[PDB]
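Start from chain A and add chain B with the ligands according to the hints.
Protein chains: 2
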Amino acid sequence: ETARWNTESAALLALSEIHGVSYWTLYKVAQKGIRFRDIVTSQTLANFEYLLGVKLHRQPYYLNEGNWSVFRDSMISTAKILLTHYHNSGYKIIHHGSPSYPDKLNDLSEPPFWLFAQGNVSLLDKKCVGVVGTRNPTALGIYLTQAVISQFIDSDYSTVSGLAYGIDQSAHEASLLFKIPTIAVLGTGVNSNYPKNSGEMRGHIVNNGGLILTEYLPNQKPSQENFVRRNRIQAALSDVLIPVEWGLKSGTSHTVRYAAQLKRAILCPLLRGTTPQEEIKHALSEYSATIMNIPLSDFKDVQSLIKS
Amino acid sequence: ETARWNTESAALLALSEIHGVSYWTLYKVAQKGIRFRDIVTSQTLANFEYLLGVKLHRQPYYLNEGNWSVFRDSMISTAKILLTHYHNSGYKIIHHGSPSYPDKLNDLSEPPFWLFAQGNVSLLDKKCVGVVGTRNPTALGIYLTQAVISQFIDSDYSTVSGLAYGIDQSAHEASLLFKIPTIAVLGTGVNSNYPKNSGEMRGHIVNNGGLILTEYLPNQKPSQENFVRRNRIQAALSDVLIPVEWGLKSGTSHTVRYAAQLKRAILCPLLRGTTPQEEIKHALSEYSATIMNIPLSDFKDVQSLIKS
Ligand SMILES: [Cl-]
Ligand SMILES: [Cl-]
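Sequence lines, in order, name chains A and B.
Take the first sequence: its position 23, counted from the start at 1, is 49 in full-length UniProt numbering, and no numbers get skipped.
Take the second sequence: its position 36, counted from the start at 1, is 62 in full-length UniProt numbering, and no numbers get skipped.
Next up, chain A with everything else stripped away, as it sits in the complex:
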């Protein structure tokens, strides 16, 4: 069974890394039920380009009948070693339709048809709580992030965030601090160094039983489109979504909307004694969200301790 998916893995890397096929091109290929293995084993360039869904080239073209066999065989041979190269770094490619693929992602209209993974894949199949927010939080947003995640200590939950500046990085840092496994869904390929000084955090995430996850091909750069596209994954994986600090018509609003479309539970942190803002009121109105008081405790619980 292993060898079937490894052949599809190598075909994906062949088209992506060697021939440079776009994410979108390969996505709609897989969306149609076309397997990359049968694209790379095409015996003509016409067949190649038909299955790949691009505009067929006329003559003259540098790819032709005279050099097709080597073009095909050399790319298959190249990609087979390239996958062992990525396996050696601890990366796994999880394909849609395989046993390792998590059910939750098939709630999406556009499920990822492949995933690059580094770390503990079994977390995708277990309870997850998304913690996400602005890349430019206030001091209180940073605290609420940690306070929220501390509530899940010794639960069966892991955390999910996007490894981005601000709330997301504070979410991962908090999960690590409290020894909650955390999942980072990237807006890049696995090879990128974004965000700054990310290689150590990714290391600690993996060392603490966490997971690095991305739908994007190894060398895909960060982009505003890549982030919004990735947030459908974050919403789908989040059994509960907790947007800590966020404005409407923001990145995180997309995630919250998606979570509402996916009928995920939505909790909104509110510090004791403070007034909900319209983004919170929006979530209670639209998405049937729920306030989560921080602290959840009352001061009466503190009084019990002081005066025994």
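Simulated from the structure, these hints should not be mistaken for lab results.
Careful: at least some of the hints might be erroneous.
Copies of the same chain are indistinguishable here, so a pair counts whether it falls within one copy or spans any two.
[Claimed, not checked] Result set (EDC-like, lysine to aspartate or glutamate): computed pairs, CA atoms no more than 20 Å apart in a straight line:
| # | residue 1 | residue 2 |
| --- | --- | --- |
| 1 | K333 | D180 |
| 2 | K81 | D180 |
| 3 | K333 | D182 |
| 4 | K106 | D64 |
| 5 | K333 | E312 |
| 6 | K153 | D327 |
| 7 | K81 | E305 |
| 8 | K289 | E305 |
| 9 | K222 | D327 |
| 10 | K153 | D182 |
| 11 | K289 | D133 |
| 12 | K326 | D182 |
| 13 | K307 | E199 |
| 14 | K81 | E91 |
Frame of chain A, contents of chain B with the ligands only:
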């Protein structure tokens, strides 16, 4: 009534700032019930030095009968303006035996006989929770400090700490963030810039209804002896003492010991699922301390919200 204490204030400043009398010398003076006003109005140097408790000088000495009147009158005149100078900066001098002096400090064997104050003095008479710890905390100590103080939101408590690097600064920063009035007890005189970038925090403390407090004379530098001496104040003011992160045979252990001697309530933060350390076990053994779980909430309270 105001003018009686202002005269004692000016006499204290006269001896301290003009003539350079030590903290300890003036402390034992006041400990005996000698008022500084009557020292500065002494008509001989023999009387001056007898009341001040120092070794009486023989002749020849530059202070003598021929220049005594001016020495006395010029220092009284100088100090009267010097107090208006400190009043203008918002400083108040609170004397032991005056209505503004807080009762809690008379639980000390060695109560401060004067206090310099900037901000809201009425906090000393109300519920206070001390939050103190090492100057070199771990990441978790910094969080626990904030989590502990968040429990007192919308309580009638203010916070008390020593405005020192580490836990103390995180305690003040947390109180400010959650809008809990905070009291900083200095290990210096009010004129010092210690610790680094302290003038803005002192400003925000005062602007948020907080208080700066010190027993030390205006230009007293920081010292390890000044810090341990000041922690008897912090213990006395703390109706509840919460040492967040601390080793035994540390600065903060002195405070905790004192708090035990003063029979203050002692709470010790313990993150959920973690084992008490011997410093915590020491406090439960000796000082009848109590664990305060962080969070105080259970995960069952989170489950209630998720699945309504
Ligand atoms: Cl596929
Ligand atoms: Cl006095």
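Structure-inconsistent hints, enumerated in ascending order:
2, 7, 9, 13
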